[PDB]
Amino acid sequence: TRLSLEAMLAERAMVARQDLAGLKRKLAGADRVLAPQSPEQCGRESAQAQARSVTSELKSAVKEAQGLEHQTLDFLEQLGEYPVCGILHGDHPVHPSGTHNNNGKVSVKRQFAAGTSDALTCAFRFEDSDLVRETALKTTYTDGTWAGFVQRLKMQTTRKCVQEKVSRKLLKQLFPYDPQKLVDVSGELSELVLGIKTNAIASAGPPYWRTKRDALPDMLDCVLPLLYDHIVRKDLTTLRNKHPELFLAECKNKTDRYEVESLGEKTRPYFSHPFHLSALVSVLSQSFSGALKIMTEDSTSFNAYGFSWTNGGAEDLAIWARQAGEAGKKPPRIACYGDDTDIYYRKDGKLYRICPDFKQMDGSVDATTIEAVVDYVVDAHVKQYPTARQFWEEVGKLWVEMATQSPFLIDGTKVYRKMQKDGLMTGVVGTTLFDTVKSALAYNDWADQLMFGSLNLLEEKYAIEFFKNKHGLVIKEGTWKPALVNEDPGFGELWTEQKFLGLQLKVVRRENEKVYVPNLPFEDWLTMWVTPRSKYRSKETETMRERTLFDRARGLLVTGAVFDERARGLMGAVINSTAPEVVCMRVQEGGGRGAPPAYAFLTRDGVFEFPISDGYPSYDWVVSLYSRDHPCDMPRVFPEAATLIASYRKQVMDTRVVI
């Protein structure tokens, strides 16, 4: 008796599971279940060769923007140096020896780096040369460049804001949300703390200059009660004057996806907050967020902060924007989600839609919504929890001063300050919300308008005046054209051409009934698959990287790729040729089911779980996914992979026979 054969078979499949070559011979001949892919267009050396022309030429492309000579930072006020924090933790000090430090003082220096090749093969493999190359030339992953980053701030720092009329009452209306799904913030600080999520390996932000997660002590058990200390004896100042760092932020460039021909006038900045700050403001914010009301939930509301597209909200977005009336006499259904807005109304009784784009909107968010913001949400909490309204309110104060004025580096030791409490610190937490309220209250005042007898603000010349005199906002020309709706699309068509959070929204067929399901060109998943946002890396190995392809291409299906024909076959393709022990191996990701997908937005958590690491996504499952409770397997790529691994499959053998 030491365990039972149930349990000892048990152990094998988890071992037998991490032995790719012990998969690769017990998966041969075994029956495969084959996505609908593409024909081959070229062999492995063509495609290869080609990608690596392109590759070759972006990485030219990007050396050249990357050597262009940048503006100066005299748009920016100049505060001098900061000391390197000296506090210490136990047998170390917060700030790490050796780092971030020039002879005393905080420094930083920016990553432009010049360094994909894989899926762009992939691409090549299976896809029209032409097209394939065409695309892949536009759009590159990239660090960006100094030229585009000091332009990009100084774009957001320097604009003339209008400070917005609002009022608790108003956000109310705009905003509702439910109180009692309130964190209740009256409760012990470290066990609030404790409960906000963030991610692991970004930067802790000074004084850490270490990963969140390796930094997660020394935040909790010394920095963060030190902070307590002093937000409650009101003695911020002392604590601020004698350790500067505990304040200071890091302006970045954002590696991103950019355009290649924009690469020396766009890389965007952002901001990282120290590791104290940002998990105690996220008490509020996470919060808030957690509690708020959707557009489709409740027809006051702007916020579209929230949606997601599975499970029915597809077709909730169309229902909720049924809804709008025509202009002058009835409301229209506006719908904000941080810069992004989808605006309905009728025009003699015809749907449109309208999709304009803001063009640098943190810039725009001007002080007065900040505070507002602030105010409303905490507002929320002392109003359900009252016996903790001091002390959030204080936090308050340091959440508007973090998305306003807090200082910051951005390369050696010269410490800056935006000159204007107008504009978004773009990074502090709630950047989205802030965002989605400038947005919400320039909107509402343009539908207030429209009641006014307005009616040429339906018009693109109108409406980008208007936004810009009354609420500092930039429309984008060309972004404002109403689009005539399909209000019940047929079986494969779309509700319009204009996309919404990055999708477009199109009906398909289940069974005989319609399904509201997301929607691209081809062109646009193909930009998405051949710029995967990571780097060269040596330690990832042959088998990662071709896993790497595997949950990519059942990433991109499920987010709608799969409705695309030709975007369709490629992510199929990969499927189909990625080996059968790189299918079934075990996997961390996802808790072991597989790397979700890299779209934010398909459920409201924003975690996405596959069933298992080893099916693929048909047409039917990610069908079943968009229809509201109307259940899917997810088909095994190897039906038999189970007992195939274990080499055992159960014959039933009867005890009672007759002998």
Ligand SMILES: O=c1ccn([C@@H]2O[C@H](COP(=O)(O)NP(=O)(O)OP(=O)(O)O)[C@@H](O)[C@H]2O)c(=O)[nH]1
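Take the two forms, find the largest set of C-alpha atoms that superpose within 1.5 Å, and that set is the rigid core. Numbering follows the first chain given and starts at 1. What changes on going to the form deposited with this ligand bound:
- Residue showing a CA shift of 2 Å or more between these two forms (rigid core superposed; candidates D620, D633, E64, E57): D633.
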The other form holds:
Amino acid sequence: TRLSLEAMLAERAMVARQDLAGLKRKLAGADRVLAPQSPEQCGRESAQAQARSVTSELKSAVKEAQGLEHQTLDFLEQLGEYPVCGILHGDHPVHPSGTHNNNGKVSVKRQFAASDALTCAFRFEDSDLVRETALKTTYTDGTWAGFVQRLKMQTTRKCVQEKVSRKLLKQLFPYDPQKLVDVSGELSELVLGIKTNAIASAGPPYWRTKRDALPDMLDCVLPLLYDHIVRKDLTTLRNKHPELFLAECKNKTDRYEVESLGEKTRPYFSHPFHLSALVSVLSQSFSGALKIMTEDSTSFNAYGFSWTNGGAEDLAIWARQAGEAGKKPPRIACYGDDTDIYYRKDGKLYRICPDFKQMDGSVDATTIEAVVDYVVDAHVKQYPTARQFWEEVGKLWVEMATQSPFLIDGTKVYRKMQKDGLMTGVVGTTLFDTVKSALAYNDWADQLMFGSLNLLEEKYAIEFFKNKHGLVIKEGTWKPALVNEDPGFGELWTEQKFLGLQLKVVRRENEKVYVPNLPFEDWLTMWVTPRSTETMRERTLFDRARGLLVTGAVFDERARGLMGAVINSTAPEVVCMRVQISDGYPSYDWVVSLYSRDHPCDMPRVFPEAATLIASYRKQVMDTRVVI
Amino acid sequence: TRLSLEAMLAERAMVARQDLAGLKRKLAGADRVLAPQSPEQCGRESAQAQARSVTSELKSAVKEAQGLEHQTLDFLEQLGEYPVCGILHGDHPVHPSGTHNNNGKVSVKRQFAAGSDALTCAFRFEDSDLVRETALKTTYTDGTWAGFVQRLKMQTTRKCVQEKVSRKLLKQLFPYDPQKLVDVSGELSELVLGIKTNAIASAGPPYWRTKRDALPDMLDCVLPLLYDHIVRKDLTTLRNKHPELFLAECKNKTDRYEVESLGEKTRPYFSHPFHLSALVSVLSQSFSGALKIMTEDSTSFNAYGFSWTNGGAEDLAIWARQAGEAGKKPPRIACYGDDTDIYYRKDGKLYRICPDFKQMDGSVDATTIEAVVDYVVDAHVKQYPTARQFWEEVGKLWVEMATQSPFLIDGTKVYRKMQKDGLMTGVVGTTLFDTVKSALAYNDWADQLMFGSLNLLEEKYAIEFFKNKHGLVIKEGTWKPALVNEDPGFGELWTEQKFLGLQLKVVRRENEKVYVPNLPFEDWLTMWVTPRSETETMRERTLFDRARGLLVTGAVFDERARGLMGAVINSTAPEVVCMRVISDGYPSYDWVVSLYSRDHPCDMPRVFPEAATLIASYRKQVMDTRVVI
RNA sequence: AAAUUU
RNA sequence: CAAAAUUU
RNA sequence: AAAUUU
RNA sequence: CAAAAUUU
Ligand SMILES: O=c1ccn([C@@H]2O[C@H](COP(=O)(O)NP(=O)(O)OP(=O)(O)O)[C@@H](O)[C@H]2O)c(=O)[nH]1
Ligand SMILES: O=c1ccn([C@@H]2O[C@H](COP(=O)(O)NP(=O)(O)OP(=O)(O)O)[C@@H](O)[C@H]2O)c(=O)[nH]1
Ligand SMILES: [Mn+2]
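Can you swap the form deposited without this ligand for the form deposited with this ligand bound?
Next comes the full complex, this chain leading.
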């Protein structure tokens, strides 16, 4: 009741942005700063019909592939059935009563189920292109057949142990010791500091979101785990409550090639919240301290690299200092299985952008153990009072990464027969892949110095990584290319992709700004396969179009036109409504600014008078000093 | 959707306090710090039945009194009918279609309706005969036509006396800090945006909706129009073209009324246009913020701003004691509207009078009103001279609203007060105007004591004096001088009289004396059973809040009232105590004593000390990572 | 809430 | 969405 | 949101 | 709740 008028106006503002009908009415006359758009190609009805037709074909293709028989799970170790956890937190079990329980045994059921975006594509683009694009890739749960095949490939690959030491990791993966979290502090506070996905599964035995399981984890399971860690008593705990150390093997819903649905569906592992949270203390602290290649010339690390705020140009600057192959250091930087390589032949700069196939399967136990050691050691050198505890956590970490028992479908509990091979989904997954990859390329570079310059060639490179590192180069990814070291306006560094994107130079006045880029076809693939009321659907179209523009679609003339069309199609009320109000849009100029070294600024408003129109008030200066 | 666990816990905490069902489950049986309470007298069904029975009698009494004929409104000037305002703000009229409009004329309909959980609680925990007689004596009601018109006439037609007043005299009685005054030479929009108001109060004509709903129409449309016409000396053009912009509504106040006197007494007030009140509030609120009170400055007669808390109750006593021998040295006099505390000595002994004026607004003369407006405007322009002319124009509007505004009552007929004298209660500054008139009269009273007229201490001559010399009527039985207990014993009263509706009492804390407000049980009980007013939960929560409020105001210092409020508090379900709406605390005796003392502020004690952790299902446990393994 | 990436 | 990096 | 006061 | 003062 008793409120200042200023405050009252603010309250009215918030409330107003929730009333769609009122927004629609107040914005109805407003000047709209339209995005650049390409013209319509056909009407709603035709576009919907074409979308329906494509969706219908995809649905049958997916349903057929999902119907395929899957091969036996004999390649895994069998450990029988596990009893459901009996642990109570107050008046309820930590494992909910009616869930994931077949006659007292833990059970799971894999889901393999069978577009607004697609309609937009047909509305604004050539039918044949949209149709062939939409029929090649689909966002899907995948297939049993594909799931099991990839699982086998991930769990039974012949690996090679890397030759690694702390000295070598210090060189390739330098970090700032002062940025490491003081893990000598009290454990509860440290755990409370970790970030996570609130709606991700908390794993066994919570069988609900991390948000829902949080109290059960912190108040009940974590102290129990701590007590048993510090008393060297984990085996008692494991035997009495096996579900506390159980993972779930899941099929990843993803953008999969329709052609290969029955051969390829990615598995990952969801671990218990209490274990992942504990390991995250070390892992997230270490991530925060890690340098990237653009900050330290010895680092092979791109885990942490950003294209924005000069990053794209930093990559180029870093790359150019690469030396003559066999004489001076190349420039190599790794992010998981994805690597950018620069070297000179007769002073000319070359680039390779190779990838590894099902890489996690090739990550050897030595590399995993060395990475855990390096992270643990980094912390205990800086905070020595807590050495023993964190070494124990180190052991759990390694176990989760290599040997965790797991469910797939039903009650049968499996384990990977060999220790080698990374259990994708463990905390630190990406770091493990990055390190394995970097050790291999570090060895590769050493061999160049010893004179073996034929390792620059596809044939010998593929042989080398297979034989010497147990790593499989993805077909067609070893294609050295002459780099455009100083690109012209609108020209590319090379046609190759690193971290899914090409590097290009665009003009601003007479300056060159380095920005990400892809051909239209790639942007279109992303557009028509979203990674998923009428109002929320309309708003999602708006948001996805903005996102793609920002990522680099704005620098492709056809993609920019498509995204702009979608943006301009979004009703004013949907643009301006309160959301989890973002009523700006990525203009070309703003996106260029984002990738440049400019100070951060807000996206331009779609409706510049929205604030005042929504409030039904535009301030007018009234001077109290006037002569009367 | 990626957050820290700490943040996730915080989100869960906020959500949890809104999930009543979950709160109910988690706090069921929780360790509860019970308030002191008197025992149950009867159960709910019996108490509800008794409440129903009392409510039924009150309803008939009110309905009968509302049926009484009212006297004609011929004592006011008639101005005919006003056309509804045609001003548009964008796609809508400022005066909404189909409201307050009788065939194109502004119209209004007075509401006198004949419409308790509180009463049920009273019966649950107190003697039936006492609750019943208490509840039948006072009711919260719209009042009556008969009573409304009688008080309206008394307010608009009283023979007033012009005060002898000047800036010099007001500086003396109403000192202020000039440095606290708002810089009113700033830009107008910013100044207006800075005023506080009641969001759900009527915005008046021509908006005919809440201030919250009318705010854009006011700021964006009407206020600039008003400003343009002010600065061009063109207000009469505006008045003629859009009369509704300068129209008030005369309304009946819903209030606690004696059932006996329903047909004789219902308070009238005036609701003015938002644009005019907002403008004047810039000056008035600024001035209120600068005003000193009697406990800060020995010359001040002003209690507008006084607080009983944080030593205030003791400050009153300290201030009072320095009163001198009547006819030799200054008394101690302090005014808040029509309510005044007076201290003097006869043969060195301290006496107290707590007189009140009857329908005081009717007695406030136009000279006093004009002087107060001048004093406030001048205070600002002395500090910020660049804006003199504008604020003098606002000064003129201010006077017009407080003495001569045209107004509706019921139907389309527009009235005006025939005489300029008499305050139109509801204008911005209402309380200050009353306070000043009252203080001028008492200042004169005190002067006459010095000139030798010591019989003005006596009821007979005091009443005569205020009537004849100031046009003010002392309410009967409010002039009763009393020997003050200057150093009160533990549990003793300063005197039995009320100032600002409360007695002053001394309570013991260890071996210290703390000065606190107090009333007899019957008064607290009257307040309890007549709330100044939806789920069962919100009703239960309101009971909890009213019980706490009364305790804090001083009910905690009466044994039976403390017991009643405590019983209500202890009856409140845990979920209702702990839900999102300080909130989950209760006023213990010790905490309330601390509030009235000069102690630093602290939170009320928790009803459920471990509520936070129980609700979260998490108690932090220290786990040491430095352990040897 | 959204986009890209691994 | 299992862990994650980069964006607004 | 709530109590008292004018 | 017409303007308000004090308080939680
Ligand atoms: O969502 C993801 C995608 C990829 N990765 C990591 O990326 C690495 C390789 O990805 P992958 O092992 O999942 N299969 P992939 O190599 O993509 O097969 P292909 O279709 O031939 O390219 C693995 O080591 C994963 O751990 C993730 O951790 N999460
Ligand atoms: O709710 C209120 C009460 C009082 N007042 C103002 O304060 C003045 C005195 O306040 P008052 O409330 O004590 N009563 P008064 O009308 O003088 O006589 P009576 O009814 O017999 O006790 C009134 O005359 C009004 O101007 C208000 O503005 N609002
Ligand atoms: Mn990959």
